[PDB]
Amino acid sequence: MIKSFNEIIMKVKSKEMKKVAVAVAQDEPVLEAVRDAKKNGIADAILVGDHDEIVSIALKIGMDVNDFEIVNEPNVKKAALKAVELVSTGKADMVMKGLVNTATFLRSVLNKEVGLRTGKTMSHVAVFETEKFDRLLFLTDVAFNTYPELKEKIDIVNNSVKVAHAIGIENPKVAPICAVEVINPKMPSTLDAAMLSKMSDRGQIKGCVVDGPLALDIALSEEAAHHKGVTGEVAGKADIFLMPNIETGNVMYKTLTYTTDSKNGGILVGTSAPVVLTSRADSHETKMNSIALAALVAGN
Amino acid sequence: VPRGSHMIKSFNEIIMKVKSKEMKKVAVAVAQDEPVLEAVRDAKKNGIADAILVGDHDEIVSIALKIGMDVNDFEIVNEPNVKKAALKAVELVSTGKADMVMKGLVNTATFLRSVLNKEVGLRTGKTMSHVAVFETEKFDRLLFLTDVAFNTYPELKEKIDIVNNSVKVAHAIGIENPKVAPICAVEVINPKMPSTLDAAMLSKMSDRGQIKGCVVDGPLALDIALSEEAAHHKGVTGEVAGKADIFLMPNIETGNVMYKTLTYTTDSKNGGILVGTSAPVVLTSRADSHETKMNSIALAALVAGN
Amino acid sequence: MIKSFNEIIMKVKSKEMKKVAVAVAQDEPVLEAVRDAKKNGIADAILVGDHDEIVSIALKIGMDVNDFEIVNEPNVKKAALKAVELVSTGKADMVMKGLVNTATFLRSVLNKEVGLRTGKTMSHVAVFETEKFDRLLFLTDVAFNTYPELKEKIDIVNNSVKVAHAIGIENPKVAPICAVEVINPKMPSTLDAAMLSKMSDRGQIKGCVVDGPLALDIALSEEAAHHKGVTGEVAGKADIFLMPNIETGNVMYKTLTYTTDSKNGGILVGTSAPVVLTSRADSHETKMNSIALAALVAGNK
Amino acid sequence: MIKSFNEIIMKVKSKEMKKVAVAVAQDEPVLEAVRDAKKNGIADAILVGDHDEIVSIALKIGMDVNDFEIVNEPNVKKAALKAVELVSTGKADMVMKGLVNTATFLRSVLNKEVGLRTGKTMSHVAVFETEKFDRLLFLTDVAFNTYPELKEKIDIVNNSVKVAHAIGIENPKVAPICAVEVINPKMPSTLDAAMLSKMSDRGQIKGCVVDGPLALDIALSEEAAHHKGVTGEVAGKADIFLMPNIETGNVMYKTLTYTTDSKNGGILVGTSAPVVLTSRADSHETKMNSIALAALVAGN
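Protein chains in written order, with this note's numbering: chain A, 8 to 307; chain B, 135 to 440; chain C, 114 to 414; chain D, 8 to 307.
Keep in mind that the hints are not guaranteed to be accurate.
[Said to hold, decoys possible] Okay, the calculated bits of chain C under chain A, using three or more residues with CB under 8 Å as the criterion:
hint	segment
1	127 to 133
2	284 to 293
3	299 to 306
4	372 to 386
[Claimed, not checked] Some chain A residues close to chain B (C-beta under 8 Å, calculated; not the full set):
hint	residue
5	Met24
6	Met206
7	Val237
These aren't lab readings, by the way, just hints derived from the structure by calculation. Quick reminder that beta carbons are idealized off the backbone N, C-alpha and C, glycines included.
The task is simple: from the sequences and hints, build the whole structure.
This is the structure we're talking about:
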């Protein structure tokens, strides 16, 4: 029954507040996000980085410095590792990449000594609110995992269904997206999709229904699914769109992002705690929606 | 034994359907074989099949006298040459002068090289497979087993035709919506077990109507395939678990052993044909009973009847 | 030059009408299209197939069959070979599909005896008019070529440049879309991108400018291009978007047509004459935009 | 010497009661079998599991809890280990499998510190008493080893003949089962088959005769072996049926039990002590006979 980033933010404000640890918090756009997140009751924050620069930027943007702890680390690589150390030892619920390149940030998340590393694979989950589809649309994996095979895709699916579970979708419909809705032994997408689908059928994957392969029209639309005579629980009702690799996943996200005015957020899951990872490309509202999601997950 | 919801569940039902229909014609490849001529006589007495006897006219007529078979009830074609006799029986079939082929006094390899002849043979381009049909005490349902005799190590391309050929036989028997279970060791996808991957991809093909006129659901272990009690205690649900009509084997070892076990450890009525050719092939054996010879004819006679 | 479908259709009305052959014309939705196409003044058409099942539908829909030619062929397959023939034998300027399934219709166009074979690969181009962008956007290949290699991708590009020429873009900006804008041996798409950019440079791909690999956003948006310090004739001004394969392709196509109100049309090129291959999936006005696209490419040549 | 499960059970009662160590005793079917084993004096038992849950089940079935020892361990994974520790350290003579997935039970039996680990490959031995045949047919491996090759098959055979020795078959007749009774380079199982038959001939595999390949029928039936004119000490009189892979052997196994009034039982060997890997779908009598086998073997 949860269909909008507004009902998402509302539910966040309804639960106990959560703490985010900013990795190199000298980022002005990130702190702008931490602030409007703190005042409206979405999330708290610990700022890890250069005390003097952080405090400078905070005055400029009218952000009470006395609202937040600030662990002073001038070194950028150490500032990142300390934000993750804060979360791995449960003094914080989430990490937000700050003024660090996504590579060094992701090494720290992955640190074998103090990181958030797990048994499962790490995966990105993007979420979208469209003018044209009343339910929420989740895309995994659009960012981190390049050419994942079955071993990875199982985990990529479990990680995304955890996120739909948090948003309140009890039993979400997972469509492995391919070019065609049909087993085709020259397209290994569809073979992975058949196998995930048997896996759901037998309870090796739980808390969802998986039915692929499915082209993107068959997964989105009832009219299209009927046009090509595809039946079952997922055609025209897909909550989760499992992308076959990064190339397809990235082109889909950016088509939505650059051709639509769709409210969207994204988080990294699979780790021991949710990770927020924005770019100067993401808007303040995306950054909001992103923290907003990372919160809901961490309270589940 | 709980009661099956099919129309046809036994070989007496199978043979009475054969008899409810226009007589089909069998080309016997090398007819100078008494157990096959015994079989072919009784086929004619009881209205199951007409036969053309292809081979050495002199010995066919001798053996006919020995078994009280009335040679006026049957066209004979004189080919004293064995290799050429098997080929002729096959050519008669491919040129629609008889509906099915039977092996007589020929070695299996020769007969088969004959059926697969490039010029006069029975090739269709899809793969040829053996379907075995059994009537067990313990299940009120015909069981179909594929491939138990021909395909040795089929991969997905072959299993798809082995499945479609299965469904054609079931349809001919009278099962319009058969239930097919790709048998493996387990009921779960295991990367270290190719059978199960193959089972998954056939199952999605069934679901999207790439395979038609059936429900394919696997992998399933044999116990979940037939027993509802086993399906139940193992939490396995769906249209095939406990109700499997067709048992697709992962290979000839699995098929052969299943089959040899049923024959030497039960008294289950059984019959077998080869299909996927342009016409059904009875490939009977010195080991099969007179009853098994007859059932085999009756199966072909139905595949051809469609 | 041209920046809208309204402009494509006006400019198509400028020229002399072009005949379309409908392979199995007994199709309500395609005949509603062929009809609208004649009243507006876009195309005349030969309606090949069952003369009786065609008139029943003609009457139903309110098109006097007198304004059209009819070639009676009651066989599905023969009507489609005959459709393709009326183009191949110079009597019509493009083929569009009807009741024939897609596979049979594609055997019919690529027929060796009377077909439209050119020896160069047959590619599908899709064309988009979006609110967020003023230039027409071209997506190849989205429909036909599944996993093209460098040699099939040269042709894919060359067909698309031919189409963009016919719209009035005399130098199309071609971006080999890829996950990243940097070269990556692990991503075969980036390799083919580099190799393709090189052939543009040496004037081995003529009449256009190819620069890849480019993430879609670098190719779409001047702002995205700038913020990642990627420059050149293409980045942020891309006209043709070269999809690395059909999975990436199919998904960018359906994401546009299901989440936006962008007008679009599609033709298959790399053939002697344009081919329109339309579907229940396609709207009525995208069937039109598609017919109009073929007529512009047929007319320019 | 011993030709029936009644005889197996007479020799078990004949000698001193041994103890099952049930891995997680909160299982009605397992306790129903452990109860009938105590009654008939086939074996004692230590039940390792959730004490409270154990007793209400012992109440539900007529099990007098005073006739068993209960080691209280609520944690399923730890209950599986304690069961094995009791065997490894000689307080019991077998493990049996309760409310655990097979993966968690086998890993516990294969434990490095406290396990029943050994030199030998673990192999399953099934054992049948059929109507049509006067001797016990033993099947190996129908359950544990998936795609064994020559090295594992040698251990599967040795393990196999060791069990036959305890039944009183002094010189058992091992048939490597294949589709055909002749060599064929395109059927790997026949290569392995003559491989193994040479090792018998050379005396490398001792205490048995090994002849193959043999089709199942040649091995079973004097008639079938006579008809295809196959001779030697094994054709027509095979005691042990060495299967080519789990798929083949599971299908013989499940065909035989769901299609016949055969009685059967099975244990895992190779380990330092017999194991009883029970199934959800095993009957009461199979679980019983299976305990009986484990007891008979632990008497050797």
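Verification of the supplied hints:
| no. | hint | in the structure |
| --- | --- | --- |
| 1 | 127 to 133 | violated (count 0) |
| 2 | 284 to 293 | holds (count 3) |
| 3 | 299 to 306 | holds (count 3) |
| 4 | 372 to 386 | holds (count 3) |
| 5 | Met24 | 41 Å, violated |
| 6 | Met206 | 5 Å, holds |
| 7 | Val237 | 7 Å, holds |
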